[PDB]
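Omission of a single protein chain aside, the complex is shown with its protein chains in their original locations.
Letters are used for the chains, namely A, B and C, taken in the order the chains are written, and counting of residues starts over at 1 for each.
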Amino acid sequence: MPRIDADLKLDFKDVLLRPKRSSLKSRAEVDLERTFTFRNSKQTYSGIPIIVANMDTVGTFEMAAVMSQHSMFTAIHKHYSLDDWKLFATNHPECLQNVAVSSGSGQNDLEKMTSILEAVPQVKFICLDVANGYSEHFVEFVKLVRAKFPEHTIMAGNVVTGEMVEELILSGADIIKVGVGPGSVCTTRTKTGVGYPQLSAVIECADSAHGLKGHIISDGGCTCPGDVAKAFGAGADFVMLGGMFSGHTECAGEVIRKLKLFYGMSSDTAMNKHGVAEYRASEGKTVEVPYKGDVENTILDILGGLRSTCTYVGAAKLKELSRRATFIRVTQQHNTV
Amino acid sequence: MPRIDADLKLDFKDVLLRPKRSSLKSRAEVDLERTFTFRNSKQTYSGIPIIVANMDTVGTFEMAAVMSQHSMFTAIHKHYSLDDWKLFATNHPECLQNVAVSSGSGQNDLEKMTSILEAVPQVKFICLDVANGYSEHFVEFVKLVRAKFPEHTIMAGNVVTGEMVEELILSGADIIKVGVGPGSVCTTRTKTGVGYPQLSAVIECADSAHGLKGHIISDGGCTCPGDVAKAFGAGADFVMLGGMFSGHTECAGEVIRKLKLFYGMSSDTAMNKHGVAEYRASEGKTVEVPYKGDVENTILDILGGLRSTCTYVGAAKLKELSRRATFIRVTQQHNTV
Amino acid sequence: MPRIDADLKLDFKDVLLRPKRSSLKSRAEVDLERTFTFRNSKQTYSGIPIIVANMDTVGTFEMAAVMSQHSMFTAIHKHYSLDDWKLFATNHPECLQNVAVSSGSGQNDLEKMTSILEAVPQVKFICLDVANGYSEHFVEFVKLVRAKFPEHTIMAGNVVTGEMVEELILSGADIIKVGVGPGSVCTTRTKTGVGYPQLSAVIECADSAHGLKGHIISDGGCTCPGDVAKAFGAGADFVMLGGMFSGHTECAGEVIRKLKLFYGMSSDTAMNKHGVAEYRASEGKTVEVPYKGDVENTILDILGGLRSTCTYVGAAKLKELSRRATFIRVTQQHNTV
Partner (left out) sequence: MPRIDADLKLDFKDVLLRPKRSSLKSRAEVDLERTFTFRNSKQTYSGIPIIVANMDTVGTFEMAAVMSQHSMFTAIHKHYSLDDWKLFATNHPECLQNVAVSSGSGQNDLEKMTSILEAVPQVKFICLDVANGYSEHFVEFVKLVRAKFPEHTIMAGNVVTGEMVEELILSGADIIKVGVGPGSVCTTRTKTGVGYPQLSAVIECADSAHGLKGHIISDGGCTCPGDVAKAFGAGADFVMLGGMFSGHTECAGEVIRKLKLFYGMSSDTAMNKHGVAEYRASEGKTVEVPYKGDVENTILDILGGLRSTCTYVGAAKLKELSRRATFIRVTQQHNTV
């Protein structure tokens, strides 16, 4: 029996947030910092919950040192060496509280990560990523990492439904990475037919996490600050971004109209440059992106957009955005000429 | 609890007006003038209820002097000086009954407006505009302007839902400006995720105004005369337009294929040229538009379109259009080659 | 009260015809000729019910002489003179049974038509066209033409709903022309907001005609032979076409890549060349179309397509197509690369 779910699954383009009444005079009143206490690691975090994705070109140390100035976060890419990290530590000690070390489920990866966590005790976040986030093999791996590092906060993914968000949390992960399909350079939908609309995946997964006192990252699929806001509005605790951060000076890669090469974690460009075949669910794209320059401007644009959103729905802090969010269903997002 | 309204919100593209039986021989029979009596100012107005928007390039004095010849209206941009206005008065006294002076919620703006209303008693309309039309701060500001000018008619905005249309009317505004998102150079949807489909916003807001014996302007989102007609058909008492009036000789700005620069009230181009950051809900676009020449032709095209609409639905006067309007839901608006 | 009909109105793109079981070996078995007896004129017609539209460039005498060889029909454009027609009669007497003379509702038009019907008794069809097919003025005009020519068959239009199809038939018209909006060079939707999806307009109007033993033409909106088939399948008794016949050698106008100018009946190009302002509901477009050459090939393509349709649904004659038509609702019509 092949069956078809009756419920149309919407994405970001299919909706808008409705404005509401409030006493908020203007957007600089709004506080975008959140304070979280994690279910399993028992650690506490405070910052602006926007994470740079652990992709080759954007999850760099340079990107980190800027984000951190804004209390934002960076999931560092897994190809840096131990020596690379010990220089990062020496150079930017104040940044270590705002980064996560990354690993796949392979033994070599686990060992290298371990050497990093031991050499840099200030790093207190771990980001774990596989091709099939629904595998029992990932479940037992998450148990292993939890046992090895009982006081480190664990981000794990990726999934799109709530049964697997609960199983991953109950198996020791703190923050589940929700998203398969929508990523700017993800090709699961084309290559495999498998995936989920981003908005629907957050609505559905956020509820499942929060009943366990766990948390989620909306990973992928945001194309402008409005999407970030919708992602938060849908219940996401953090939002992670690759494509919106691609193209800047603090991105790794030469400038080539000035452009830069933006490529997926499991892309052909990636496999050539490195053992990444089964790191993500699809062999992602390799695109050319216009050179945007310094990431500060982009950060300002994004945070500013999000402050307005909160103001316009009556949220004085980011914590209250999902509480105040009413989405309306629309037939369009743009007025063309 | 993030929730999603079950009702799909349609816009202008999603519908058509149905023709109906009548005794109307032709479109020159139709009278497009309306006579209004305002709830709070208690003043009476007669004209063709189509308003040029208070944008830098289109809300000019030159635009005004043409519109006025057609009994149309112009919301003048807020950057003109007192001296500029006193020349407008001297030069085009017969036009003063067909313009509104504009202001934001800042004290400097209020003072400059006040000096203008005192120096030109013939100006009897006020247009008030903010970034967050749902703020309690806007509500109290509207009370202040009402108290300062008890015999001036007040347009205030912008909103998209009826609870705020009622609160603004009950707080002293006469005519509520309805529209957030659809404007040709508005970027709220992209930058903030917040907005509303224009047609749905008028249907919903018109009902709310009219129960209080108040009035609304459909502000933004019309791309052709058909949209104007639909806007009126949905219940709007006036319709305001920026983009359809952009590009003409009576527009402010040099001619540059001949083009002209059309930019938003809170756009980057605006901030550079002037203190406009929080005048509108978004930092609007700056587009190039083809030089259309004299606004008379455009006016003729638009009024002509609207006369046909009334004829085809059986409305001998514009007053009867919403009464006679049945919208049908469609899957398209164009026959491509 | 502005209201919105709950029923989504589909067009040709939104549907497909379902194949069905039959004993039909192949498409040359299918007979596309119909025999009609008209309600009010009491005349009988036999032919392939596909009519060339009465547009300047396609409703020519040259087009007629080809169509007629295929038992197809031509609604001749209203600008030809009496002398022009008397040469047509002399030259192509066998074609006169397959054409209609055209007129608007003006007295000059009526007189010129009258002179034509008197000078050419073999012409037994009249085509009457106005801007507002819902006007009481059109209703009384139809009564007048019926009384003046009691044995001529009258095509009248255009409408999209059944209440007006019945009133026009009961007022003496034989064949109602159904379609407002979808025409290739019609601009009602853009200029006035008024119109109707073609498929929905035929479904709805065909039922209304046939209960009175009257007939309809699906006028406008077909872009390929599939649309013709759907139009017939929806219940239409005839289908009229402009754009699909545009571009051929037998079209009026010079060749200019080789192109030809195709323009609407009430278009600016039309008004310049001639008193046509209120002949159709909109001031239609003027497009450039590629030179297709001889209309024979196009005719062959269209008739062939329609024979296959009948075969694939089990209709041995065109009469049985609507009887055998089941439409399925689809989300697309094309497989792009």
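Operating definition for what follows: a contact is a pair of C-beta atoms (placed from the backbone, for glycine too) under 8 Å apart; a residue touches a chain by one contact, two chains touch by 3 or more.
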Touching partners, among the displayed chains, of the absent chain: A, C
Touch with the omitted chain, as defined above, among C:57, C:161, C:190 or C:311: C:311
Among A:87, A:144 or A:194, the residue in touch with the chain that has been omitted: A:194
Contact partner of the left-out chain, one of A:164, A:239 or A:325: A:164
Positions on chain A where the hidden chain makes contact: 1-11, 13-14, 131-137, 159-161, 163-164, 167, 180-184, 186, 188-197, 221, 223, 278, 281-282, 287
Touch residues of chain C, complete complex, unshown partner: 10, 12, 15-27, 203, 206, 224-230, 233-235, 301, 305-306, 308-309, 311-314, 322-323, 325-335, 337
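Operating definition for what follows: only the chains that are shown with their structure count from here on.
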Pairwise touch network: line, ring, star, complete, or other: line
For chain B placed onto chain C, the superposition rotation in degrees, Cα atoms, nearest 5: 90
Separation of chain A from chain C, taking each centre as the mean of its C-alpha atoms, in whole Å: 58
Centroid distance [mean C-alpha coordinates] between chain B and chain A, Å: 41
